[PDB]
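Form solved without P-nitrophenol (NPO), single chain, as structure tokens, below.
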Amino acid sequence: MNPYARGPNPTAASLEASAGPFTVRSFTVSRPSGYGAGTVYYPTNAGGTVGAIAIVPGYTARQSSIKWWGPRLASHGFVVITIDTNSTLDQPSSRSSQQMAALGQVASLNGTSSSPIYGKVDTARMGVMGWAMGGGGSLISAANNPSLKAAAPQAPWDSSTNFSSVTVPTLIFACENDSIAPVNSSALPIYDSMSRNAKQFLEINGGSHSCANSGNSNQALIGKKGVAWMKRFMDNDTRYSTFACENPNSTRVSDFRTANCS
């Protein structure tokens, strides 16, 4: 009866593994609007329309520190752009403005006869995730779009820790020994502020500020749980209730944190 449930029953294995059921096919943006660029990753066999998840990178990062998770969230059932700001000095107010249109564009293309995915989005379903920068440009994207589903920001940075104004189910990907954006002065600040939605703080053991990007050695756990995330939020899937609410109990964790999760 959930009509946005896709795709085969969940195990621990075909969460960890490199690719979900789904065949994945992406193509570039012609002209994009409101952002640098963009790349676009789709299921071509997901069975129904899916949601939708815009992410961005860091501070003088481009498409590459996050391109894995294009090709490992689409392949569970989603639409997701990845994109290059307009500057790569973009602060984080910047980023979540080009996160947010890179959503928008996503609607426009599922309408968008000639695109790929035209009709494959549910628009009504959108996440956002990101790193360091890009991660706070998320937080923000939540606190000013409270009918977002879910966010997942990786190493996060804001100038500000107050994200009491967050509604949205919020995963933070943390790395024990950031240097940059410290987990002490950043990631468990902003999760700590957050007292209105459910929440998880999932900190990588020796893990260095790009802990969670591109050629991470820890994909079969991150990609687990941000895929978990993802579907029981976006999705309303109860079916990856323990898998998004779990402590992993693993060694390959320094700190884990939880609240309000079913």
Second form
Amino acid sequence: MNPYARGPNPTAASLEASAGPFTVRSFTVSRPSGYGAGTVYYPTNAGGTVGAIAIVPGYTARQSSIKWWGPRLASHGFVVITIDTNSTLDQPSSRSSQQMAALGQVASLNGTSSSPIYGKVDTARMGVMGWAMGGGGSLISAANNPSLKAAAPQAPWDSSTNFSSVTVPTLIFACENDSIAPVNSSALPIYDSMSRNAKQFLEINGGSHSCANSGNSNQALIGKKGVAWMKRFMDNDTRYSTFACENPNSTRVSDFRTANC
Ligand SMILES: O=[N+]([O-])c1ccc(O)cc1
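Now that we've seen the form solved without P-nitrophenol (NPO), could you pull up the form deposited with P-nitrophenol (NPO) bound?
Expanding to the full complex; the earlier chain stays at the top.
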């Protein structure tokens, strides 16, 4: 009787696949509200309203770096907006404001009859993702908006690592050999600061700073985990509890931690 459960029962194979069960379409945002540019990905056949996820790139970067998440997540039953920031050189606090503005605009479009996502979104169920400074921005978003249902930043950085205010379920993807935002001074301290949430830390063996970006060679695992985390926590969908919470016990993972999951 979970009103938010969508799609067939998951399997490892179905979550590792390039595409989930639903057909995906996309469109460009005509007039971004409070951010630079956006692409919205959505399922055409999810069978009920779905939650929305906003995804932000890192410093200097654009939608291309994070775009693979759009179809991957949308095909499992989410509306996903990938953004460009107002400036490629925006810092994490500005990136958080823009991420939240993008979620607001998804809500606007859900109420706009000419939009392809008209009536497709449950605006009460939202999540945040992003790379590097965009990952820091996602954590700021979560700290400031505790009704967000999930966060899953990748290779995050912020000038502070104290995210003890975050009560939103948070999965941190990290990249072992990150030279930009080293794990030991960025992703791991951030993970360790969070005391009141379901949380997880998944470090990719040998990964550079771009190890969770479009074109990575761990899309099966990373995509399984991101989808599972969003499903479990955005949809309250306990079919995904093991996928969300498990240690993959994988040679592709150099460090795994989880708590309250
Ligand atoms: O953009 N970032 O991910 C950064 C920026 C500066 C820094 O010293 C470390 C990481």
